[PDB]
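K.L.:
What follows is each chain in one-letter form.
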Amino acid sequence: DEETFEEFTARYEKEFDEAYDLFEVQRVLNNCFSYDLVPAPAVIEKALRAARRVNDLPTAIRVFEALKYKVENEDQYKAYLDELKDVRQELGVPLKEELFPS
Amino acid sequence: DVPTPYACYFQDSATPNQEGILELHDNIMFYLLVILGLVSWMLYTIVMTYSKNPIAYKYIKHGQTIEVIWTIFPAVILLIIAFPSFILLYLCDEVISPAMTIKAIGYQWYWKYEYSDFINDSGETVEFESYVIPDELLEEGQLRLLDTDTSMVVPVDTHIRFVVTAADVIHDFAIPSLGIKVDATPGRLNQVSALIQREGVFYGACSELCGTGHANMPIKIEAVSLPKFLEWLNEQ
Amino acid sequence: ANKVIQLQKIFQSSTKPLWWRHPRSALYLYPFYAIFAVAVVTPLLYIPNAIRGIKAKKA
Amino acid sequence: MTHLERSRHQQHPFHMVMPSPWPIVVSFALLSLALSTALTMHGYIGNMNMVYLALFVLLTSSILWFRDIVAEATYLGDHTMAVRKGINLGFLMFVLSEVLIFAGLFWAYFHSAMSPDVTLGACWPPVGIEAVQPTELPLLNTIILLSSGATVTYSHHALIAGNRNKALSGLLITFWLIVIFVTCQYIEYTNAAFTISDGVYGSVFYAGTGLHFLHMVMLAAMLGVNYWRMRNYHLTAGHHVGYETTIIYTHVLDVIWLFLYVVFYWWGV
Amino acid sequence: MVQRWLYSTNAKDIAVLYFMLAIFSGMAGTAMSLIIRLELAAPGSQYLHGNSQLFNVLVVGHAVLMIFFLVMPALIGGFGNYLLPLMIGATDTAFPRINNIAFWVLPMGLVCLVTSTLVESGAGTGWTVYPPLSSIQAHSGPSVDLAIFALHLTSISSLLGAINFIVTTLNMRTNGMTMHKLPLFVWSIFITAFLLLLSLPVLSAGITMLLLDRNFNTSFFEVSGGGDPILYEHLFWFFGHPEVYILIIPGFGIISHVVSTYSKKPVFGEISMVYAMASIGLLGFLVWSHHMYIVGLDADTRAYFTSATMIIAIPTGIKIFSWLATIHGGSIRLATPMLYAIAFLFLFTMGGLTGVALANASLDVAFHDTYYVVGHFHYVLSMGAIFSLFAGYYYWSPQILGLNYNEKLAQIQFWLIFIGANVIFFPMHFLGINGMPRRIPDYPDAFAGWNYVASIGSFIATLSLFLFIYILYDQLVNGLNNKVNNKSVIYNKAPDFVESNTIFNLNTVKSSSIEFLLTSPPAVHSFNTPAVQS
Amino acid sequence: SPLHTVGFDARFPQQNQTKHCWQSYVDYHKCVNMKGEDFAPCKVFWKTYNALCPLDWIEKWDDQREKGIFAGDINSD
Amino acid sequence: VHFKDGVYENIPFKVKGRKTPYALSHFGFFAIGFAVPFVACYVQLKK
Amino acid sequence: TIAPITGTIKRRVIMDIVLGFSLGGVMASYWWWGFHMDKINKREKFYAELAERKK
Amino acid sequence: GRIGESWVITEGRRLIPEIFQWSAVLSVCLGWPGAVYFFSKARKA
Ligand code: HEA
Ligand code: HEA
Ligand SMILES: [Cu+2]
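Chains as they are written, first to last, in PDB author numbering: chain Q, 45 to 146; chain P, 16 to 251; chain N, 2 to 60; chain O, 1 to 269; chain K, 1 to 534; chain U, 7 to 83; chain M, 28 to 74; chain R, 2 to 56; chain V, 22 to 66.
Keep in mind that a hint or two might mislead.
Label-pair ranges, simulated between beta-carbon atoms [to be verified]: (1) N/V39 with O/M16: 29 to 37 Å; (2) N/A57 with O/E130: 29 to 37 Å; (3) O/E130 with N/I52: 32 to 40 Å; (4) O/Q10 with N/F37: 29 to 37 Å; (5) K/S512 with O/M16: 27 to 35 Å; (6) K/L334 with V/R23: 51 to 59 Å; (7) N/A57 with V/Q42: 55 to 63 Å; (8) K/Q137 with O/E130: 23 to 31 Å; (9) K/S512 with N/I52: 54 to 62 Å.
The calculated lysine-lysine pairs, modelled on BS3-like cross-linking and capped at a C-alpha distance of 30 Å, are [unchecked claim]: (10) P/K243 with K/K319; (11) M/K41 with K/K487; (12) P/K235 with R/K11; (13) P/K73 with Q/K114; (14) K/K487 with M/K73; (15) Q/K129 with Q/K58; (16) P/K235 with N/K59; (17) K/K483 with P/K235; (18) U/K53 with P/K127; (19) R/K11 with K/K319; (20) K/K408 with P/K67; (21) O/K85 with K/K319; (22) R/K55 with R/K43; (23) R/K11 with P/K243; (24) Q/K58 with P/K76; (25) Q/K140 with Q/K112; (26) K/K483 with K/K493; (27) R/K43 with R/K56; (28) R/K43 with P/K243; (29) P/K67 with K/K483; (30) U/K36 with U/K25; (31) V/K65 with R/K11.
Everything labelled a hint here was simulated from the structure, so no lab data went into it. From the three backbone atoms N, C-alpha and C, an ideal C-beta is built for every residue, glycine too.
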């Protein structure tokens with residue numbers, strides 16, 4: 045309802061900046077997914093950067109699963125494809141190709 | 016007439032007032048049906064869709080569009096379900112020359128109807144009781160627990176008034192088929208003008224507890240033509 | 002007055018029930034309820050014992 | 001020390017009450033009264049002295065609780081502003097329920113204004129039904145009751161202001177006026193207006209007047225209890241939990257009596 | 001046990017007594033209503049050889065026990081004095097003696113009714129006490145007097161409970177809570193207390209008048225002197241219409257609470273919630289004479305009353321839409337309290353809309369004092385009293401006592417009781433719509449099959465209740481063995497689907513009510529420091 | 007009635023006719039009990055009490071006139 | 028009043044004791060619940 | 002990377018409620034069709050029996 | 022870039038099974054009284 049993405053986006057990155065442990069990472073990510081605002085690739089990249097800061101690969105797996113299934117959004121796929129591949133091959137957190145065939 | 020077994024709808028109509036009541040009933044029940052269908056399907060789809068929802072939309076509080084929509088819809092819905100009730104009350108309660116007037120008093124576990132509008136031989140007032148025939152002393156071919164020794168008669172295609180009262184305890188004049196239902200106050204009278212357009216036998220029992228022996232309250236209404244009514248009056 | 006403060010001090014010193022005001026009244030009233038109300042409620046069901054049993058069976 | 005006890009007894013205005021037998025005994029008294037009355041008015045035994053003693057002991061238990069509710073307010077104390085506000089609000093809601101009782105009594109016959117019904121009445125004023133009317137008969141007492149209430153409300157205001165010899169004079173005046181009122185109530189014991197045989201129009205008025213004759217008794221009982229307490233001088237001009245109750249009662253009873261005198265006396269005549 | 005229980009002065013220690021009396025009374029009343037339905041299966045004296053007075057007396061006992069002695073003592077007092085002081089955070093409610101005298105004044109009503117049925121006199125004039133049928137003219141003996149004292153004592157206990165509720169919630173509410181942040185169940189009980197206070201005295205006065213007429217050889221409502229029972233019916237309905245709201249509103253509160261705590265999302269406009277509740281409470285008084293359109297009032301009076309009824313209906317629809325908004329767009333864990341809440345939102349809504357349809361001024365010519373009205377109120381009572389109480393019990397029992405319940409047993413119990421209630425109450429609308437009267441042990445020979453299906457449904461319902469009491473026993477005897485194994489759910493709010501399970505150890509149960517955040521029930525005078533909200 | 011007595015009724019526009027019999031009966035009893043020669047002034051509402059009003063009220067009023075305690079408020083004539 | 032741990036003290040039952048293994052109490056509760064309808068039916072008529 | 006989001010706030014409930022209303026209305030009309038046939042048949046029978054005996 | 026839906030395809034393929042199931046549930050919930058009517062000797066069968 046006529047709410048700017050930029051303010052809350054910047055809040056998400058700035059909270060990710062001072063992520064001391066995984067608790068604030070978890071709470072901020074849950075709040076971000078709480079809105080209907082589908083996360084941007086930039087905020088997901090910042091979240092993965094915070095997760096790499098806190099060193100818990102399961103957070104990365106969970107957020108990838110959340111991106112794959114968060115909202116129907118008229119069943120858009122290629123957006124999901126790019127938003128996953130850019131952040132997979134930006135630095136490397138190889139996690140999707142193992143839980144699926146198990 | 017007789018309550019049809021295993022029924023799931025109203026009894027057969029006998030008078031324009033009762034069929035108008037039925038029309039108002041079905042008109043109301045149409046919108047009640049659509050409302051209940053809407054709410055039931057909403058419940059069903061919610062429970063069958065969001066039961067698997069992993070993350071809950073917990074920051075939605077305002078919803079102005081739906082707020083105004085279901086704030087303004089019920090008003091017009093209620094107005095359009097209330098207008099037919101008003102017009103039917105106006106039409107039915109119209110006291111358009113009730114041509115017949117008889118007494119109907121709810122006594123202690125019986126009725127003693129007195130016919131004072133008409134006479135029997137010369138000016139006399141015709142009155143008689145209505146006793147329910149006992150179940151053990153039933154005659155073969157009758158209706159159990161309700162059938163009376165003698166009942167009331169009524170002309171067809173006319174207008175009738177049922178003067179209702181009581182003696183010791185409040186009774187009820189419950190005849191759903193004839194579309195009349197007025198309480199029997201101990202001292203206060205009530206006038207209802209019942210006009211009948213269909214012949215037949217209309218049953219009835221008092222819809223008000225009369226202490227203990229209210230399981231057998233005979234109110235049987237038999238409709239006859241004008242010559243038959245004259246013959247009955249001459250016989251009575 | 003001249004007895005409120007001493008009374009409160011003694012009651013605080015002796016933290017005991019019955020509130021010290023009416024011990025004789027309490028001892029007088031305690032048996033009276035048992036003597037009277039029990040003996041007046043017993044007939045209520047004792048007398049209709051022979052009255053009870055009205056089957057009124059019909060067939 | 002001070003802080004810990006202050007926090008542990010500050011928001012706790014409830015004493016560690018002993019195993020008080022008050023609930024069971026009062027319930028037993030009410031049940032005995034009910035069953036005994038039922039057995040006496042129409043039953044097997046018509047004895048009257050025993051049920052009279054049952055009523056007497058029920059009243060003794062009620063008086064015992066009612067004197068405790070004010071003795072523990074001063075002798076035990078342990079009260080704060082919040083509990084005082086709660087007790088006052090409880091008395092206000094009690095008198096509001098009494099006002100609702102009075103309103104029901106009024107509406108029992110006040111809804112027949114323009115005669116909407118047909119038979120069994122529906123005629124205001126009830127022409128033809130002219131027995132010894134209970135209307136305008138006790139107005140000679142109603143006017144003096146209004147005067148007494150007017151002259152004692154401000155006396156009780158000066159009471160709560162000072163609680164001094166002026167308060168004693170006001171209390172004595174109140175005792176005199178309530179004694180006069182109970183005397184003039186009992187003088188019309190049997191033959192006040194009439195009896196109930198036929199034409200129940202003033203009989204309901206007589207019953208409504210009769211059933212309210214206990215609130216003044218309760219007021220006199222509280223006044224006497226406070227009189228005894230201040231004779232004992234336990235209650236100073238401090239935690240006057242009973243003085244506030246009596247002033248609010250006398251400030252609401254005059255209002256309700258005024259509302260009663262507004263109609264039912266000059267309306268319809 | 002006498003030293004602390006029979007002489008109790010603690011709200012927590014007496015709420016459990018409230019519950020015990022409620023469950024015992026319910027089991028007895030369900031047994032007697034089982035009987036009542038059992039002689040209704042087939043025409044004739046299948047089990048009651050004559051003596052229709054006994055049938056009437058059993059009907060009166062059933063109605064009075066469920067109305068005044070079963071659920072009003074349960075959800076008003078038992079839940080109120082166990083949650084409201086607990087949710088506020090105050091150590092103890094003001095004057096627990098009030099609660100004790102309110103509780104202890106119940107059982108003698110039970111014994112006086114049982115002996116009134118025992119005597120040959122009996123009270124067989126319905127749970128309504130309309131004259132002259134309850135006076136010496138028709139019914140002699142002590143049954144009427146015992147019933148009158150029973151209702152008087154129940155009213156007194158209700159008034160004391162309302163007094164305690166009001167004083168606790170308004171005089172010493174905790175500092176953090178204010179007017180604009182007060183939870184919902186307490187608002188419900190507050191509005192309930194207001195309506196109870198404005199409703200009790202008129203009943204007390206009218207019924208005292210009937211007793212005096214029966215005793216003082218006079219008559220104010222009876223024609224014997226010129227009185228008219230229309231005034232008494234006015235007064236009785238003026239009491240009665242608030243009573244259903246009194247018994248139903250705390251159900252609204254608890255249902256809103258459970259759907260809020262289980263949807264993982266906040267309420268939808270709690271200000272709108274309290275607006276709806278307050279509007280209902282204030283508007284309940286506009287229909288004092290809407291229950292007797294059969295009397296013969298003027299057309300304008302009927303029009304105004306039906307307008308008031310249709311106005312009253314709207315806030316309920318607003319509340320239903322609010323619940324739908326709360327459930328919409330949220331994760332749902334399909335636990336048993338959700339099952340009760342959904343059954344409420346369905347069947348209570350359908351019954352209420354049927355009643356709104358009947359609420360036409362001239363539509364009582366077809367349904368009034370027939371089986372249609374019993375199909376009407378059995379629905380809403382069962383949904384908002386039986387199912388509300390079930391939801392509350394299964395929603396608070398694991399913590400208020402520390403004892404869990406078998407989830408499979410709870411599920412099968414819910415399914416059994418739901419199907420039984422549906423199959424019992426549904427046919428009675430078909431019964432009434434034909435026009436069959438009410439309060440008759442024997443009926444004409446038209447709807448035998450519907451009565452038969454009602455009877456088999458009644459047997460289903462009583463089997464469900466037996467399973468429920470067996471569940472109670474198993475919970476009371478096998479709680480520690482059930483907690484350790486996988487027989488029951490130990491965390492009602494599952495973690496959010498992002499959050500790891502190891503971190504979940506310090507996020508056990510966090511919701512919008514303090515009593516869930518407490519440990520196992522501590523000493524009665526807990527809460528040494530009052531809770532403060534920043 | 008031979009299906010034709012009045013036709014359209016317009017005496018009282020509102021539906022409820024609770025307070026209708028008194029006014030339609032007072033004039034009838036006054037004209038009957040005053041002259042008794044010609045009923046022309048009250049010849050237009052014959053049916054308003056014979057059939058349009060509860061005859062129980064009429065018979066009660068007749069018995070009351072016999073006993074001298076009339077339900078309504080009229081004079082002694 | 029503060030001498031109760033808060034485990035089973037909230038109910039007037041007692042696990043300790045061979046007098047009633049939680050069976051006689053439940054049997055008696057069933058009996059008292061079924062008493063009122065059964066005795067009410069029996070006093071004036073057959074069960 | 003479709004920039005316009007937040008458009009799923011309200012259209013879901015709107016489509017849900019409108020579909021529910023349409024379904025309820027169509028089911029009510031389908032049910033009432035036969036009932037109206039029965040009603041008109043009974044009215045025709047009443048008129049026929051009322052007019053046939055007089056003439 | 023409007024990938025896939027075309028709301029109509031997925032919307033129909035989800036609703037139609039759901040609508041059919043809901044209608045069947047209502048049909049059963051109203052046919053069980055009809056089942057009783059048939060099985061009971063309503064017409065001496
Ligand atoms: C709580 C309210 C309540 C409940 C539960 C019931 C339960 C039942 N009722 Fe009754 N009934 C009333 C409230 C209730 N009723 C009222 C107010 C009247 C008015 C009387 C009048 O109209 O004059 C009435 C009247 C009434 C009549 C009118 C009889 C006549 O016309 O004379 C009939 C007829 O069969 C009937 C049947 C039943 C049946 C078969 C059940 C069965 O469902 C019994 C099984 C019970 C339920 C399925 C609910 C579970 C109840 C419990 C207590 C479970 C216990 C556990 C907990 C409470 C924790 N009821
Ligand atoms: C739990 C108790 C309870 C509850 C909750 C109700 C709820 C309602 N009741 Fe009922 N009622 C009784 C208990 C109860 N009732 C009892 C005991 C009797 C007497 C039987 C006896 O005497 O034996 C009775 C009788 C009774 C009568 C007289 C019938 C009689 O002879 O018995 C009427 C009619 O005016 C009525 C109306 C309503 C209405 C309008 C509601 C509403 O509050 C229903 C609330 C639900 C809603 C209305 C849902 C919201 C609706 C919408 C979604 C909006 C849709 C419509 C609009 C556009 C506004 N009730
Ligand atoms: Cu109502």
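K.L.:
Each hint needs a verdict: does it hold in this structure or not?
P.N.:
Evaluation of the provided hints:
1. N/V39 with O/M16: 29 to 37 Å: holds, 32 Å
2. N/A57 with O/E130: 29 to 37 Å: At 51 Å between Cβs, range violated.
3. O/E130 with N/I52: 32 to 40 Å: violated, 49 Å
4. O/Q10 with N/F37: 29 to 37 Å: At 45 Å between Cβs, range violated.
5. K/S512 with O/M16: 27 to 35 Å: holds, 32 Å
6. K/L334 with V/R23: 51 to 59 Å: violated, 36 Å
7. N/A57 with V/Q42: 55 to 63 Å: Given a distance of about 56 Å, which is inside 55 to 63 Å, the answer is holds.
8. K/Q137 with O/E130: 23 to 31 Å: For K/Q137 and O/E130 the Cβ distance comes to about 28 Å; the hint holds.
9. K/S512 with N/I52: 54 to 62 Å: holds, 59 Å
10. P/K243 with K/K319: Violated, at roughly 59 Å.
11. M/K41 with K/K487: holds, 24 Å
12. P/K235 with R/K11: violated, 60 Å
13. P/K73 with Q/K114: Between P/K73 and Q/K114 the Cα gap is close to 14 Å, so the pair holds against 30 Å.
14. K/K487 with M/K73: The hint is violated at about 44 Å.
15. Q/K129 with Q/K58: Given that 30 Å is the threshold and the Cα spacing comes to 24 Å, the pair holds.
16. P/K235 with N/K59: holds, 28 Å
17. K/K483 with P/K235: violated, 66 Å
18. U/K53 with P/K127: Satisfied, since the Cα-Cα distance of roughly 25 Å is no more than 30 Å.
19. R/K11 with K/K319: The given pair, whose Cα atoms are some 20 Å apart, holds under the 30 Å limit.
20. K/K408 with P/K67: Holds, at about 21 Å.
21. O/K85 with K/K319: violated, 34 Å
22. R/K55 with R/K43: Between R/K55 and R/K43 the Cα gap is close to 19 Å, so the pair holds against 30 Å.
23. R/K11 with P/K243: violated, 70 Å
24. Q/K58 with P/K76: Distance ~26 Å between Q/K58 and P/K76 Cα, so the pair holds.
25. Q/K140 with Q/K112: holds, 11 Å
26. K/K483 with K/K493: Judged against 30 Å, a Cα distance of about 16 Å means the pair holds.
27. R/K43 with R/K56: The hint holds at about 20 Å.
28. R/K43 with P/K243: The given pair, whose Cα atoms are some 26 Å apart, holds under the 30 Å limit.
29. P/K67 with K/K483: holds, 26 Å
30. U/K36 with U/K25: Holds. U/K36 to U/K25 sits at ~18 Å (cutoff 30 Å).
31. V/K65 with R/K11: Violated. V/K65 to R/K11 sits at ~56 Å, over the 30 Å cutoff.
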